[PDB]
Structures are given as C-alpha cells and as structure tokens.
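Coming up is one lone chain in structure tokens, specifically the form deposited in one PDB entry.
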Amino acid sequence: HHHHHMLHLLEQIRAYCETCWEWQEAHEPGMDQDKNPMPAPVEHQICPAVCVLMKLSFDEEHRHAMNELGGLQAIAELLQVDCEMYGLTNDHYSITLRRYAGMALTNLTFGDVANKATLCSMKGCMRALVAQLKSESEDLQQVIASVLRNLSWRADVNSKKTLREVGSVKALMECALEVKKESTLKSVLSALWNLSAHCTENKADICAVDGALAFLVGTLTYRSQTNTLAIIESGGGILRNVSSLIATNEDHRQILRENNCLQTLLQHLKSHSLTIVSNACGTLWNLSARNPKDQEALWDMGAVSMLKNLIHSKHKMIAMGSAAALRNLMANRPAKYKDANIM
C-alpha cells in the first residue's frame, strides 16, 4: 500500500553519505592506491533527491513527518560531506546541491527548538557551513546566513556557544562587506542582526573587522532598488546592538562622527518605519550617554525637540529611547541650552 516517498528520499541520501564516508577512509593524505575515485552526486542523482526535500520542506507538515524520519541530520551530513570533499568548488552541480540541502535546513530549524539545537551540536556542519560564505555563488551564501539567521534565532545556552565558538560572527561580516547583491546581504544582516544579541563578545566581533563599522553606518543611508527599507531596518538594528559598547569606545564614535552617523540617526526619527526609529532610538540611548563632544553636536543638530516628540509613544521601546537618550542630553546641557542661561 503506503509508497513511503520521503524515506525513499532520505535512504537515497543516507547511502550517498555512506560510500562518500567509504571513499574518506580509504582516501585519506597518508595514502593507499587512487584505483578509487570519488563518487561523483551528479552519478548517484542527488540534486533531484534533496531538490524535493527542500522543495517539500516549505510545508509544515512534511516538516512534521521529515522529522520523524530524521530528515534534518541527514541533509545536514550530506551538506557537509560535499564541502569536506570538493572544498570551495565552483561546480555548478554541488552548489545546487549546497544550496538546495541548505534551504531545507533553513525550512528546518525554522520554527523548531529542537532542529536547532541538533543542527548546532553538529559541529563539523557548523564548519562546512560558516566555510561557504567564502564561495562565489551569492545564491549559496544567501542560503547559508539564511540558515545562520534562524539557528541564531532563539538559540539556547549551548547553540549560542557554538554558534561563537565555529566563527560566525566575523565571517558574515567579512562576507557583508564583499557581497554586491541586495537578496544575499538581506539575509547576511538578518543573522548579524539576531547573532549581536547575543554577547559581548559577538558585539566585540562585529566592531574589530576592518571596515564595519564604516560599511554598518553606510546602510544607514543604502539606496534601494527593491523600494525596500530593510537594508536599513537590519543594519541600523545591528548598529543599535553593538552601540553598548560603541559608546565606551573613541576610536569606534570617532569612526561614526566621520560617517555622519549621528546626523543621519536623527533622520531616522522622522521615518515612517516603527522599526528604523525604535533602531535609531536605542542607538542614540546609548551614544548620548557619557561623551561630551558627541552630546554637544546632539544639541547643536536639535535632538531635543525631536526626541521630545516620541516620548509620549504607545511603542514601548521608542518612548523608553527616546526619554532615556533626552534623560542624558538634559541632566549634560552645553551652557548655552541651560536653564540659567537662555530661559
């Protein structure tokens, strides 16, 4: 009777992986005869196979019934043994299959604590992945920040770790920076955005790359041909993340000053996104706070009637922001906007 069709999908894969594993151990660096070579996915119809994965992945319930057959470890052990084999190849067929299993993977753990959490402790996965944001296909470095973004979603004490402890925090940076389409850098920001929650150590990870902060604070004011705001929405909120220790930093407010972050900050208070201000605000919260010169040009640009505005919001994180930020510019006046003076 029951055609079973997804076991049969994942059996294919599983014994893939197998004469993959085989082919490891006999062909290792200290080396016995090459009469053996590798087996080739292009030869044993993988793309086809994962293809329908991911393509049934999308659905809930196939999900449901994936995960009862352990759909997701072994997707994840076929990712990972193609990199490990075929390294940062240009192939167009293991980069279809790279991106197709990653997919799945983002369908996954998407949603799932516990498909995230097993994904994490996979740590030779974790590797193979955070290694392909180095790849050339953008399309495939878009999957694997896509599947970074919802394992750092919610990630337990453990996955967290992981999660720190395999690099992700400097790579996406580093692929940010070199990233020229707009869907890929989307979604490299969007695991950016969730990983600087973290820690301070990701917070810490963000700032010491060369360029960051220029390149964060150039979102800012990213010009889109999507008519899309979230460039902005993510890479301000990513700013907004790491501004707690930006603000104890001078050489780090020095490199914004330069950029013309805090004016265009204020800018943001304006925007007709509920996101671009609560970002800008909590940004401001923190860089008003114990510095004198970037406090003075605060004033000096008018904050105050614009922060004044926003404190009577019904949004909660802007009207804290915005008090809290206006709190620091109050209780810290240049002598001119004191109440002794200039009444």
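Whichever C-alpha set is largest while still superposing within 1.5 Å between the two forms counts as the rigid core. Residue numbers count along the first chain shown, from 1. Compared with the form deposited in another entry:
- Relative to the superposed core, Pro37 undergoes a Cα shift of 2 Å or more between these two forms.
- Relative to the superposed core, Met301 undergoes a C-alpha shift smaller than 2 Å between these two forms.
- Fitting the two forms on the rigid core leaves the C-alpha of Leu69 displaced by under 2 angstroms between these two forms.
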The other form holds:
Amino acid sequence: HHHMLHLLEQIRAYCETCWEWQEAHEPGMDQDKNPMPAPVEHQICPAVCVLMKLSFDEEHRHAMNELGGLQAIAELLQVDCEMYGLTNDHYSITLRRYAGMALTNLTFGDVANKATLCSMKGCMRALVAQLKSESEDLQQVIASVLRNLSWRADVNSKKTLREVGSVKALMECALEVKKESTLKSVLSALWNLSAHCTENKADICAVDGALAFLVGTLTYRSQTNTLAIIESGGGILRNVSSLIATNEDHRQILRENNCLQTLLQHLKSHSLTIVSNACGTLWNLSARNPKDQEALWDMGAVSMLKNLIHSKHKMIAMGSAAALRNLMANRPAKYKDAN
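Can I have the other form now, the form deposited in another entry, not the form deposited in one PDB entry?
No partners, no molecules, just the chain.
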C-alpha cells in the first residue's frame, strides 16, 4: 500500500502548509502577504477521492488505520472548513463530501476510530457547522458521521457530541432537508443522541417546530417503500416522551396532530420496532395526565395494550404493560359513574 501512503503524505503535507499559514496570519496582526493555500492547486480532491473509494474495503481500511488515515482525513476536512467556511465552491464541497464519506466508512464498526474522531474537538465543531451547508449531499455525509459517532458512544464521546451542539444542529437540519436519504441519516443520529442524556432530550424539544415535525414522521410516506423514517422519527419521539409527558404545551402540540391516535395504530404495525417505539411513547404519555388518559380510554387503548403484554420483546412487554397499568390506575369518572 505504498501509493495509499503517498496519498496520505500528500494530504498531511497540504495540512502542514495550511496550519503554518493559519499560525502566521491572524487577522488584525502583523503578517506577510503570502497567499492562503488553495486545495485545487495541490490535487487534494483527487487524493481524498481515491481514499474514499478505497475505504469501502475492510482490507484497505486496515492499511489506512495502520497509517493514521482517519486523523489525516479528519485534519484535512477540519482545516478546509476553518479556512473557507460555508462555501458553495464545488471543489471545496466535493473534497469535504469525500473526506466525510471516508470518515463514515472508517468509523463504521470501529470503536477506536470513533473515540479518536470525537477527541478531535476542532474537527467535531467543523462537522457540526457543515449541517448548515446548502449542499444537501454534504449534510447527508456529515449526518452519517455523526450517526456513527453517536452509536455506542463512550462517556467521553457522549460529552463531546453534546458540547459541540450536535443535537440542536441536527434537529434544525431535519426541519429543512428534502431527500429521504438525508433525513434517514439525520434522524438516525438523533435517535442515538436522544438516548444519551436528559439534556439532549430537552434540546430536541426546545427547537421550534421539532415536536410537530417528529409527530409528522409517524405518518411519513416513504417513496422507497421502507419504514426507516417512521422507525427513526418514532424512536426519537419515544426517547423524548418522558419530557413531553410533563409539559402541557408539548402535549398540546401532539394533540393537534392526533399523536395518541397514531400511536394506537402503531400498536397494530407488523414492525416490532414501530410497535416498540409506540409502546414506549404511550408508557410516558399515559402517566399523570387526566386528559390524555381519558382520550386513550375513549380510543380503546386498554384492549390494544392488553393484546401486547405477553409479547416477549422486553420493550413491547414493558411499555404495553406500563401503559395499561397507568390507564387502569386512572379509570375516568364517566366510566366509574356508568359502572
């Protein structure tokens, strides 16, 4: 893998020229007139393109990992982001896409690489900033990296992902993306992030229009005939539902979109993931709210939940039974008065 080593050296050298330049040219401070490096003049995009293509293969990934390929690619992505900012320049967008694709491939299934990339704080900030790119393809690539980093995140990674503002940035991104594949990556990352801590759940719920959008995903209609968006949107909803349950304003947003009625339809889904997410959401929404308790009674929820308590899937079993016992502990007056 001598050519690969050569390509990594090409990009490390280019980064070195960039860092030296950044160090020696602080705006407002005395400095020479030597020009800022441009990646187009050093064949950078072709190099990262070749690396991105090789990174699909586990054998080339092994050879990259021995050579420190992840750090070299991350450093290039970071430095181009710092030098040029949010640009629509095709060359810059293309190099950042290819760098991100490689980072996605190099983090997949790879505990050590995820840890390394999260430790690159400057790179993590650069990644989060790219979610505002006008290139939806770049947004998809960045969300893919964040999805992988957020999966099985260690304590340090969880903290870094939170501190760089990935949650708010991804939720805001979700509200505007057009393609299903971008949305899949963005919601998958959010499904992972929303399980990490209470603060991430709050941050999602705080974004203007986020809850309505998540409720909307429960009835998303895939043009590719998959259930990935309903599963991920519903998975985020389940994870933040513990907070929704104690916020009347947020419950009202759900009501305006007939959320409870949709979750009951989800109990009859042929997808266990969809059923599980619905059971988890109902577990929370069925607690400590007379209005939504009565609504669930009225919509026949008791029988639907009772149907699931023998399931044998931990979360369907747990959630269905917890929702059922909430409803049974809170039989509405109009049922009690009617005997």
